[PDB]
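Q: Start from the sequences, fold in the hints, and give me the full structure.
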Amino acid sequence: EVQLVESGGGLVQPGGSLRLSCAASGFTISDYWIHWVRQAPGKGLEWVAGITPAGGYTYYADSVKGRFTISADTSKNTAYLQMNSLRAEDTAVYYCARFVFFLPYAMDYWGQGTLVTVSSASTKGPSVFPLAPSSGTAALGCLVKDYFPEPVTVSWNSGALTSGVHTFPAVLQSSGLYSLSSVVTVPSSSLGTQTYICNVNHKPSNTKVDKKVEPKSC
Amino acid sequence: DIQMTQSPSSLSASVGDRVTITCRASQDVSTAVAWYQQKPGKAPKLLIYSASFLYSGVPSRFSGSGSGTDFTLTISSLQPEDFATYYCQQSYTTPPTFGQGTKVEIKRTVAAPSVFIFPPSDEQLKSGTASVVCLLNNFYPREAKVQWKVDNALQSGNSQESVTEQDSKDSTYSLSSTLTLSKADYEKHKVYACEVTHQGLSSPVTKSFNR
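From first to last, the protein sequence lines are chains A and B. According to the numbering used here, the first sequence holds residues 46 to 263 in order. According to the numbering used here, the second sequence holds residues 95 to 305 in order.
Hints were generated in silico from the structure; no laboratory data involved. It cannot be assumed that every hint is accurate.
As the list claims (entries may be wrong) - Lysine-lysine pairs mimicking DSS-like chemistry, simulated, CA-CA at most 25 angstroms apart:
no., chain 1, residue 1, chain 2, residue 2
1, A, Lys-88, B, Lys-133
2, B, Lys-239, A, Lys-261
3, B, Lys-277, A, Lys-261
4, A, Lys-169, B, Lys-277
5, A, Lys-88, B, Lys-197
6, A, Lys-253, B, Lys-220
7, A, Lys-169, B, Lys-220
8, B, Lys-301, A, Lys-261
9, B, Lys-239, B, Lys-284
10, B, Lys-136, A, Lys-257
11, B, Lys-220, A, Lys-256
12, B, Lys-136, A, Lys-88
13, A, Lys-261, B, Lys-284
Said to hold, decoys possible - Which chain A residues face chain B? A few, computed with CB under 7 angstroms, are given here:
no., residue
14, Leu-90
15, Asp-153
16, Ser-179
17, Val-228
A virtual CB, placed ideally from N, CA and C, is assigned to each residue, including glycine.
A: Put into structure tokens, the structure is as follows:
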């Protein structure tokens, strides 16, 4: 049961510090290189750092050299990226991946990623407002406004409704806070005869709102 | 540092299509090139290693070719679940470098968007800000033009759009346009119109309401 499990991502201030960990199961980390590879929102895959088998040597990208340290604790079978003097542009999802120059000399096993967001903004949970159906078949939803940082989860009728649901990619407002909306189309005959609750989660702020979406006054 | 350039950056194709992606290295890298597949919110999956070899458990319809500077990934018969972003990667020297990625999109017939306009909630208004939302549901292609008319006036740099990933069942997109103003500025205006231009539409569709 070979796997790479990471943790440690989150919000830090510019100039702050974070340590990401990468736990190996069912193989010995020290038999492989571990590479950290990062993916800035929307961008490609940028290699960041690599540590050699047995901890023989260590390499860093120039954008990161002198700020980040890669190592591992073998008794813990876990690799680490220690991130110091973080800047805005370090915001990315961070992956660890194993590698060796023996076949297949490619990155066969990867961690799932953690979000590192580097910002001077505080954590903030969203406000959740209903999108009340106007006026066949009609639409309603939830506006999830003003939160930080990512991510946010949305689900409908506590997961008993999925078909026709579109939760939109968050958009970074010029206030610095994220906003998104989750939306669903329903039969206009089953509205006002069935209750619709959207279930918004914002783990970073420990915010969980459930919202009853119903028609308007006039 | 060895540079890897993929071609093209994006493409549209239908199920059953033969699709080929190319990768060009800034210098000779033997056959030490790998191909990865990535789906939103998931880590990359190794597909091909050593330029042309199929990674264990990957289905026979994925294949690779090339050596030196020019490399190629082929998908002989495109399957539904094959829409992703594909990356080549050079493994010949430290550090390993990736191509920029090739987003494989699924080509289908033009479908018109159902438009919906949502007023600000009586709950939101009590905070001094007003969000008006315009929805474009289940359409193709991605390209669209959403216009905000407010008392017959065009708007500039005060609305924001978001677009859904390609749908599971019908491969359509969906789009939200969100207009944001102040309460005192929302209160002093009447007609709120969202004008939609799209290829699947015979004539630009306006969805409005009365304050």
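Q: Of the hints stated earlier, which fail here?
A: Hints 2 and 10 are the ones this structure does not satisfy, whereas the remaining hints hold.
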